[PDB]
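Next up is one chain by itself, shown in structure tokens, the form deposited without the named molecule.
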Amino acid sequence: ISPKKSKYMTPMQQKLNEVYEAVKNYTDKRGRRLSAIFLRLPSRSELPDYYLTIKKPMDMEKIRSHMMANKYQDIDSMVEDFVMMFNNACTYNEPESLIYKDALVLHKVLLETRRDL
């Protein structure tokens, strides 16, 4: 159960949402939306080994709900959560894996987007 969304979006929320959407909406040459696998982690019952391999689980739905509850006090705090999520993907998965490679690309999209705001 996620925190209740706020009525209007603060300016900070709008700025954060611009970053969130840039990462969510990014597509490769073949139009594949790289974010799909990062939207929601499987549960502990579904992927138990994962949760003992990384220190702090993160997915985009967690970030989104925190963002929509007006809980992020600045851009860097959300960027940190995206970095942790991509770092976690590169920890658990092999460098030869698609998920790992997509994590490197979206990490770049993330930092470029912040840079350009």
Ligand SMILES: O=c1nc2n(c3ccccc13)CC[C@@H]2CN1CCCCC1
The other form holds:
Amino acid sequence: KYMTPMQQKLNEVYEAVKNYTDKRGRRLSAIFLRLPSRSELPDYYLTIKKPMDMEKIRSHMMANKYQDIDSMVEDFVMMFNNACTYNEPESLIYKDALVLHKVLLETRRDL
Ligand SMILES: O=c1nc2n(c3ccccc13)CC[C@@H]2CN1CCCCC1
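Right, the form deposited without the named molecule is done, so what does the form deposited with the named molecule bound look like?
To see the whole picture, the full complex is given below, headed by that same chain.
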């Protein structure tokens, strides 16, 4: 029922990305939390090879499967690239992926 020190440090890097807010308090995390089902957006699953969202990321961290931080980063990094593939470069999701990308990386250097 407990959480390894590595788990507690993956939760921290996870939570900072989720809770990041822009200059007038919007949470960029919102659109990325969870994808609509295959039945509700087949185009996404037919155009993006390996679909990723944050609660799916959450289910492996809280459950067990990340050996270090950069292991979790690559599913985050992967998720963003998916968003930036499916959405056009000037789209909002696209830039929020970009901004959150740096947050993830700004957080990890802080160890
Ligand atoms: O790449 C992604 N793209 C989208 N979501 C995501 C949610 C979690 C992870 C990736 C993505 C939310 C759906 C959304 C894209 N959005 C779908 C409706 C039409 C406008 C674009």
